[PDB]
Every structure is written in C-alpha cells, then in structure tokens.
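Take a look at this single chain, the form deposited in one PDB entry, given in structure tokens.
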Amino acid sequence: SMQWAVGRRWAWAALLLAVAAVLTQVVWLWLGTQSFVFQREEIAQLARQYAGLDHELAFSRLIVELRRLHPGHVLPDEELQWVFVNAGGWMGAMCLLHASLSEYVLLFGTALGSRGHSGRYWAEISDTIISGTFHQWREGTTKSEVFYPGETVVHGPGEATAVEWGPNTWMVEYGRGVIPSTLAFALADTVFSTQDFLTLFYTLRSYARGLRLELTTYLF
C-alpha cells in the first residue's frame, strides 16, 4: 500500500499552505464579524427621551442610562471633562463618553451659538438635539433646514454642509467610521487659529482615556 503514504516534508509544507489560506480567509471575516457597541439609531432614540428636560439633568440621566445599558464602555465620572472644540470656523464644547477606533459618542454644544463648515469625514455622524436649534445648509443647494430638540441630523460620509447653532444648543453625537481622520479635522482651527495647545492636550487625553477603557474592557 505505497500509494496511501504521504511524505513528511510535503505534509509540513502543505499544512503551512493550509494555515496560510485559513488565516488569510478568517482575517477577512473580521470585517464581516464587525460589532458596533451601540446600534445606529439607539443613541438617537435614547437621547430623544431626555430632550424634554434641561440639558444638565438630561445629560446626567442619559449618562446613567448609557452606563447601565453598556457597562464598561462609558468613561467614569473621574474622566468626564468638558473641553473646547474649534474647527472649520466654528467653536463649541464636547464631553467624550465613549471613544474607539470605529465609534465615538460625545455630548456637544454651545451656549453662544456658532457658524461654519461641517467638514468632510470618512464617517457617518448623527446629532440628536437635546436643546436649541440646528441649521444645516447642504452643498449645492441655496436653502437650509432647521432642526429642533428631539430631532436627529444625519451627516453621511464625504458630505459637506454649512452648520449654524443658535444660543444654548446641546446634543448627543454618535460617529461611525475612521474616527482618527475626523479627529484630524476637529483640531485644525485649534492649531492654526486659536493656538490652544492645552485644549489639544485635553482632547487627545480624552481620546486616550476612551481607548484605554475600550482595551481594558476587551481584556477583562
């Protein structure tokens, strides 16, 4: 029965080829087995419930419920920090609740109102208004739409609009895509207009804390 035997060297090389193929195929399914922590419309449906309250208590109760629903995915009270944001000609403030390489969640708004450029991200951005007014002017048009508390503005990837927030506008924001590339835009005016390097450090530290949380949760 010499025709049933298999040499050892050919078997070793064939198993190397087999593991090569298996690894090159199961690496692909990592994009097919993608798992987002939050559903796409879950953040909006969650924030639309707290829009009736004042934005302070609304933020507090929303953070409580978001920690209850996704334990180990929201930054603790020790690392929650309002930091300024200057980009595209507008200025607001953010408080980062969750931050990964594919997702981010943050409270965002302005107490004075601000106008400017929305930016062109490799990400989809949802903004659910808790208070105030939002004015969006889409590219190519000559008109603008207004959004009120409870409503959600969706901003697809690659799109560019003109944005205007009235006085005392506050919203939650969810972002799915290449988050670092968006962080590149959200710090342009901070570098070339405001020179507020302390704010740069604060935003980068918030991102680092979010990533540390998302990694320590994956390991425990």
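Shifts are known only where both forms have a C-alpha. Between two forms, the rigid core is the largest collection of C-alphas that superpose within 1.5 Å. Numbering follows the first chain given and starts at 1. First, how it differs from the form deposited in another entry.
In the core-superposed comparison between these two forms, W28 has its Cα shifted by at least 2 Å. 66 degrees is the angle through which the smaller rigid part turns against the larger between these two forms, based on C-alpha superpositions. Taking the core as reference, just one block of three or more adjacent residues between these two forms has all its Cα positions offset by 2 Å or more: 3-30.
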Contents of the next structure:
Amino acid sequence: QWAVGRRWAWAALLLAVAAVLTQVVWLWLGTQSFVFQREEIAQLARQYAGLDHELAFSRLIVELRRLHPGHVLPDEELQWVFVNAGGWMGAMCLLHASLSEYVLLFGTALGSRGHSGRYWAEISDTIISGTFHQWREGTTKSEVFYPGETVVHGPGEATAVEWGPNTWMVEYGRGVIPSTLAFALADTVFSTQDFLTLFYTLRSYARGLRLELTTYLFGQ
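For comparison with the form deposited in one PDB entry, kindly provide the form deposited in another entry.
No partners, no molecules, just the chain.
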C-alpha cells in the first residue's frame, strides 16, 4: 500500500464531495412532488372570476380544501397581512406554503405601482377582479389584463406591475421561495418599519411549513 499527499487529498476529497453532492442534488430534484399543477390554480380560479371577490375567495378556499385535504390552512390560521415591496403595497392571505410551492390571495383596494422583483420562481396571478398592467423589461409598451386572464411572471424576468383600484387575484408560485423572501421583506425593513407585519408574514410562512410537515409525516 501507499499514502497520498495532503494537497493531493485536498483535490481528491474535493472531487469526492463534488460527485456526492451533485448526485444527491440530482436525486433530490428527481423526487420533487408538486401538489398543484402548473396551470391548475388558474384553471380553477377562472371559474370564480367576476363574482364578489369575498364570495369568490370563500368558494375557492372551500374548493381547495376539498380537492387537497391537508395542504390548505384552516379557517383559524387565515389572516390578511399587508405586503410592501419594490415600491408597491398590497395585502395577501396565505392558503398554502412550503419550500417550493405557495398559494395565496393577493390584492389591493387602492391600486399600486412597483417593481415585481427578480427571483427564481414562476408565479401565476389569476385576476378575480380589477385590472393588471404589466411592463416587461426592454419594451416601451404596456399590457393590460382583466378579470379571467392570468399573468405569468417567469423566473429571471423583471416587470413593472400596476394594480388598479379593487384589484384582487389568486397567486400560485413554484420555485425557491426563500429566494423570494429576501425581496419580500426589503421595504418592510427599510421603509415602513412595520415589524408587526413582518412577524405576521413570518408566522403565516411558519404555519404553512408546519401544516406541510404534518401532512408529510402523518397526513390524510
């Protein structure tokens, strides 16, 4: 037998860790189990667009609790919380939250303009009421969306968003949600100082994570 040098063992362990971590991340990605399909949320919320946004939200929540038992928060853990980011302000009520998927009801009663953000997640907004103006990166034109339509904010893409008065939509997102949470709390920390809103957002996220962990370990 023979020995191996220290700097040689450095590169050897580097290669070993590289192989192990790459194959482990691949085995991780291969076992990803998305609960909601890429277009299920939109194809369901379109069936309620045009109603009273309160009635539409209630019916959508009942339908999502019926179709996916164990992945929608209870009536007690539903709470509207403000959200300030990229210069815009709205309100959200979270229904489903995990490390890859999230579902919520987003909206604003006054309207707002701002920067959508650049993060690693594909997000779908199905308009229940109001208008949605979108300005894509590198254009001089604005695209308007009305109730029924669905806006797909793609990963990497950066758009200027504008919601009109009484705008209300159903949002579903899939990707690296922790990467969204950095942009999520920027205006809360450096503008509004509304730390109770920060706590409410983090508590809703923790409640969604706990519900998903419970349904994973025991479920049904």
